[PDB]
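Next up: just one chain, as structure tokens, the form deposited in one PDB entry.
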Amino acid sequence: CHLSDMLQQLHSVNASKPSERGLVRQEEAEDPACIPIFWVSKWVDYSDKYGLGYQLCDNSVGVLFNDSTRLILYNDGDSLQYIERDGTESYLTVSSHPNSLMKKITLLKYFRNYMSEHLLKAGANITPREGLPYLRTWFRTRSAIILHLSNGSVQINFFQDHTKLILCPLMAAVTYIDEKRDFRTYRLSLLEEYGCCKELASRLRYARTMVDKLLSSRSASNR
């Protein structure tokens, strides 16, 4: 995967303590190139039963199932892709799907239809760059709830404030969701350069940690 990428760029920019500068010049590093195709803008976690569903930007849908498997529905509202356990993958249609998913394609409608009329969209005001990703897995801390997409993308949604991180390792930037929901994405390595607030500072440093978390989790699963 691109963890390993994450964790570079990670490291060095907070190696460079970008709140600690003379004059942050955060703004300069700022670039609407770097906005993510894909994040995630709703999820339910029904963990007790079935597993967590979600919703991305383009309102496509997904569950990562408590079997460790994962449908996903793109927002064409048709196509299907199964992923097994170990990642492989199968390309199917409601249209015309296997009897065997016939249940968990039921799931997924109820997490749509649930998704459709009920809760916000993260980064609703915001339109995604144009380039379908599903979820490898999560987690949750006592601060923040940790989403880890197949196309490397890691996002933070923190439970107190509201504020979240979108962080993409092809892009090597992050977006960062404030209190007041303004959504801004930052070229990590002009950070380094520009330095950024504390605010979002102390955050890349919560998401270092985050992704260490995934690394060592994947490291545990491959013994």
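Basically, rigid core = biggest C-alpha set you can superpose within 1.5 Å across the two forms. Positions refer to the first chain, counted from 1. Compared with the form deposited in another entry:
- When the rigid core is held fixed, the Cα atom of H118 travels less than 2 angstroms between the two forms.
- Once the cores line up, the CA of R85 ends up 2 angstroms or more apart between the two forms.
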Contents of the next structure:
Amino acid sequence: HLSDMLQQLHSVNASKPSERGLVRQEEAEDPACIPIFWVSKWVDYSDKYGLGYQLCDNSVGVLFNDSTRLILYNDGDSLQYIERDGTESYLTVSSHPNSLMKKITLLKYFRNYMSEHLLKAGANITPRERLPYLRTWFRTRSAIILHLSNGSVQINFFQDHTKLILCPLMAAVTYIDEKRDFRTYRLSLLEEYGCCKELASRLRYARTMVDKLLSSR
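Previous: the form deposited in one PDB entry; requested now: the form deposited in another entry:
The next block holds one chain only.
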């Protein structure tokens, strides 16, 4: 997925979408390519426990410091656990091995915090119709980069609150601007019709972030 994403991003960036003729960005919009999932909220407690996040469907996940994962489905009880070796187990909050008591308790804390505080990213978006989990993430001075198991890469910029949701399957990018307005574009159509320098710059940055993901797999 990452290699495909890199090729898609390289292709759009090489077309110099903001540096040519009349920009027809609107013609690159494709609402059918809207993502099914993205990260609506996140909490970095990696100093001790890990990275907690909420997906737009109100499900929650934690990527713990020991590289294990716990995912709570939006029914508020069903759980999936993923061990280091990749083994996937299914359980509930009420019915679980005693060995998972601490991790389940931690997820509860993350969940409650993200239910009580913080804004839902993409709240105004209608998602497209087995949950993806957080494969890996990292932060830079300017952004947090979240790589989902379905191939999607989300980049949230800290300073201006703008966001990209990249999907290599749709070969598309969803851009959320400073006003929380959103558009989904087909990357090949951005090559065809161009885009503003703001989106173009963020796509150049996205390529460098994908390079980091690929070189640190």
